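Asks: Below are the chains, spelled out letter by letter.
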Amino acid sequence: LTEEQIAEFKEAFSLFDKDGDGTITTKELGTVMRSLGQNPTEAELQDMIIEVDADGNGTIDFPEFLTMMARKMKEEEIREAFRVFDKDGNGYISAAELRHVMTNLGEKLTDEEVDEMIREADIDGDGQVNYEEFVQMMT
Amino acid sequence: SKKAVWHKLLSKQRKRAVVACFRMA
Ligand SMILES: [Ca+2]
Ligand SMILES: [Ca+2]
Ligand SMILES: [Ca+2]
Ligand SMILES: [Ca+2]
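First to last, the protein sequences are chains A and B. Under PDB author numbering, the residues of the first sequence are numbered 4 to 77, 82 to 146, in order. With PDB author numbering, the residue at position 9 of the second sequence is 3623, and numbering never jumps.
Hints may be right or wrong, so weigh each one.
As the list claims (entries may be wrong) - Quick list of simulated restraints, FRET-style, between CB atoms:
#1 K115(A) <-> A3634(B): 22 to 32 Å
#2 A3634(B) <-> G98(A): 19 to 29 Å
#3 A3618(B) <-> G23(A): 16 to 26 Å
#4 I85(A) <-> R3637(B): 17 to 27 Å
#5 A57(A) <-> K3617(B): 31 to 41 Å
#6 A57(A) <-> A3631(B): 14 to 24 Å
#7 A3631(B) <-> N97(A): 18 to 28 Å
#8 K3616(B) <-> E54(A): 35 to 45 Å
#9 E6(A) <-> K3616(B): 30 to 40 Å
#10 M3638(B) <-> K94(A): 17 to 27 Å
#11 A3631(B) <-> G98(A): 16 to 26 Å
#12 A3618(B) <-> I130(A): 16 to 26 Å
#13 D133(A) <-> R3637(B): 29 to 39 Å
Hints in this document: simulated from the structure, not taken from any laboratory. We put the CB at the ideal spot given by N, CA and C, even for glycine.
Required output: the full structure, derived from the provided sequences and hints.
Replies: Here it is, written out as C-alpha cells:
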C-alpha cells in the first residue's frame, strides 16, 4: 500500500473509533451504523467483526482494518465518493443526483439549499459539479 | 456557505462505504 492510501484508510478508521483508542468494537460499529439509520442486531455486528478480527481478540485494530481495506482495493475513496453522487456516470453531479444522495443519507433538503450547494461548487458555471469541482469543495 | 453540508455528506458516505466493506467481508 502507498502511504497516501494508508493515510486515507487511517482517516476512514477514525470515523468509527469513537474513543480514539485505535480499536473498533462492535458497539462503535453499531453506533456508526445506527447514525446511518441502519438497525444492526448483535448477531450482525459480531458477524462483521468476526470476519475482520484476525487475532480473535474481539475488536478490530488498524492493521486488521487495513487488511480489509486492502482486500477491497484488489479507486481512491474520494473517487468512489464522487461516483456515489454521480449516479448516471456522466462525470457531473446534477441537482437531482445531489437530492438523491442527501435523501439516501438522511440529509433534509430544500431546492434553494441544493442550488446554493451546487452554485458554490460550480466553478465553470455549467450548473453541475464535476469531479474537479467536487474535490475542491471537499478541501 | 454550504461547504459544511457538502462535507457532512462526504463523511456519511465514507462511513456508509466502510460499513458496506464490513458487510462484504
Ligand atoms: Ca475504539
Ligand atoms: Ca483484533
Ligand atoms: Ca451525473
Ligand atoms: Ca460545473
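Asks: Now tell me if each hint is right for this structure.
Replies: Here's how the hints hold up against the structure:
no.: 1; hint: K115(A) <-> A3634(B): 22 to 32 Å; verdict: holds, 23 Å
no.: 2; hint: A3634(B) <-> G98(A): 19 to 29 Å; verdict: holds, 23 Å
no.: 3; hint: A3618(B) <-> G23(A): 16 to 26 Å; verdict: holds, 23 Å
no.: 4; hint: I85(A) <-> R3637(B): 17 to 27 Å; verdict: holds, 21 Å
no.: 5; hint: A57(A) <-> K3617(B): 31 to 41 Å; verdict: holds, 38 Å
no.: 6; hint: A57(A) <-> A3631(B): 14 to 24 Å; verdict: holds, 21 Å
no.: 7; hint: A3631(B) <-> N97(A): 18 to 28 Å; verdict: holds, 21 Å
no.: 8; hint: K3616(B) <-> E54(A): 35 to 45 Å; verdict: holds, 38 Å
no.: 9; hint: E6(A) <-> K3616(B): 30 to 40 Å; verdict: holds, 32 Å
no.: 10; hint: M3638(B) <-> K94(A): 17 to 27 Å; verdict: holds, 20 Å
no.: 11; hint: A3631(B) <-> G98(A): 16 to 26 Å; verdict: holds, 20 Å
no.: 12; hint: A3618(B) <-> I130(A): 16 to 26 Å; verdict: holds, 19 Å
no.: 13; hint: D133(A) <-> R3637(B): 29 to 39 Å; verdict: holds, 36 Å
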